[PDB]
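Enquirer: Given next are the chains, with one letter for each unit.
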Amino acid sequence: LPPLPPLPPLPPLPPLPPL
Amino acid sequence: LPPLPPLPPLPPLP
Amino acid sequence: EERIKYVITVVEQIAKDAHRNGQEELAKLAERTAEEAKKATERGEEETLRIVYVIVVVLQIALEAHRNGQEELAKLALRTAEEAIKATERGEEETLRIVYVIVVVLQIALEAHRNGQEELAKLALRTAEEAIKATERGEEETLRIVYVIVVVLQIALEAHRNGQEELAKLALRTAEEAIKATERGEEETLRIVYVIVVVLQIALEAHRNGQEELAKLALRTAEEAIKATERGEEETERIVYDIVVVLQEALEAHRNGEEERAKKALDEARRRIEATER
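If you read the protein sequences in the order shown, they are chains L, W and S. Each residue of the first sequence is one higher than the one before, counting from 1 in our numbering. Each residue of the second sequence is one higher than the one before, counting from 1 in our numbering. Each residue of the third sequence is one higher than the one before, counting from 1 in our numbering.
Next comes chain L alone, as it looks inside the complex:
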């Protein structure tokens, strides 16, 4: 009945691969 909750924020970028 009420409006749907907003879409969750996008997950953060995965960390840079190890050197």
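Be a bit skeptical, because a hint or two may be false.
Distance condition first, Cα-Cα at most 20 Å in a straight line; then the derived SDA-like pairs of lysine to any residue [said to hold, decoys possible]:
hint, chain 1, residue 1, chain 2, residue 2
1, S, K5, W, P6
2, S, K5, L, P18
3, S, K38, S, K75
4, S, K75, L, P9
5, S, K39, S, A27
6, S, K5, L, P3
7, S, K263, S, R208
8, S, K16, L, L4
9, S, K5, L, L10
10, S, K39, S, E82
11, S, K16, L, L10
12, S, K38, L, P18
13, S, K86, S, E31
14, S, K86, S, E129
15, S, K169, L, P15
16, S, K16, L, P6
17, S, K75, S, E31
18, S, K216, S, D267
19, S, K5, L, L4
20, S, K5, W, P14
21, S, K216, L, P18
22, S, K38, L, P6
23, S, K264, S, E230
24, S, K28, S, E46
25, S, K86, S, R50
26, S, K5, W, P9
27, S, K75, S, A87
28, S, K5, L, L1
29, S, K5, L, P15
30, S, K5, W, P3
31, S, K216, S, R161
32, S, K38, L, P15
Derived from the structure by calculation, the hints contain no laboratory data.
Given chain L, work out where chains W and S should sit, using these hints.
Expert: This is chains W and S only, laid out in the frame that chain L set:
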């Protein structure tokens, strides 16, 4: 650079 | 199936709310996004639907940025949505990745504003603007540097929330030398920037994993690297890399439960750091 993560599923309604 | 119904419902709620709030530009973008989402649903185009989810998120950012008085952030969110919609019919396969990075840095700008990190919030807007400019004009190599900038901006946001103020300050400085070099064009500087970000990742993870001594050594590595980024040496990248390789081993040894090897790597990392400072 790493591939972008797949979108997680939506949480259930409260 | 049911999930794309949820997304279409959300974006249609945004248009109704934007109309009621007098946000006509936002409302019409939501309607076209809803129209595009229904076309892709009938065609079963998964990639277009994935872009739809990202577009709805940045429209949520735009509506919320306006409600917080962040009008410049709102305008950049709308430009992101417009560029994302145009590219769906254009046919760029990289559209999903480019827009995803932009939306993530826009999220950082909004979140940093709520957490009092206005300096970080201002930097996130500039990164988004350069990313938006690159996509609207046709710049390709810039987006690769944008990814590294957004990663180090994430580190600054988390470090501030975790109380790691020294790491947060270094992350703030690292991004500025990346944003300044991105608009200047110095490619050799960006190589050192990438390695510094890896160092900052180690410091953040080591602090969370009971490796404070390792985290402190990582901070010394990054703080010594910035003084040489402003000095301009390629041997700096090799010197920092040799430290990074062994900083990583101590971090990975702790994860695998090998404390004997973790100490060995830790001491060798410390010795390499001391020689450069010497």
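Enquirer: Would the hint linking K75 of chain S and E31 of chain S be met if the CA-CA limit is 20 Å?
Expert: holds, 18 Å
Enquirer: Take a quick look at whether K263 of chain S and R208 of chain S sit within 20 Å of each other, Cα to Cα.
Expert: Holds - the C-alpha atoms of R208 of chain S and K263 of chain S are around 18 Å apart, at most 20 Å.
Enquirer: Straight-line Cα separation of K169 of chain S and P15 of chain L no greater than 20 Å?
Expert: Cα-Cα ~19 Å, so holds.
Enquirer: Is the Cα-Cα distance between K5 of chain S and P6 of chain W 20 Å or less?
Expert: holds, 19 Å
Enquirer: Given the hint that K86 of chain S pairs with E31 of chain S, test it: the Cα-Cα distance must not exceed 20 Å.
Expert: holds, 14 Å
Enquirer: What's the verdict on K75 of chain S and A87 of chain S, does the C-alpha distance respect the 20 Å limit or exceed it?
Expert: Cα-Cα ~19 Å, so holds.
Enquirer: Keeping to a limit of 20 Å between CA atoms, is the pair of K39 of chain S and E82 of chain S held or broken?
Expert: holds, 17 Å
Enquirer: Does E129 of chain S sit within 20 Å of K86 of chain S, going by the straight-line distance between their CA atoms?
Expert: Given that 20 Å is the threshold and the Cα spacing comes to 18 Å, the pair holds.
Enquirer: Is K5 of chain S close enough to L1 of chain L, meaning Cα to Cα at most 20 Å?
Expert: Distance ~15 Å between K5 of chain S and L1 of chain L Cα, so the pair holds.
Enquirer: Going straight from one Cα to the other, do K39 of chain S and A27 of chain S come out at no more than 20 Å?
Expert: Status holds; Cα separation ~19 Å.
Enquirer: If you draw a straight line from the CA of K216 of chain S to the CA of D267 of chain S, is it 20 Å or shorter?
Expert: holds, 13 Å
Enquirer: Just to be careful, I want the Cα atoms of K28 of chain S and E46 of chain S compared with a cutoff of 20 Å; is the pair within it?
Expert: violated, 23 Å
Hints 2, 3, 11, 12, 23, 24, 29, 30 and 32 from the list above are not met by this structure, while the remaining hints are.
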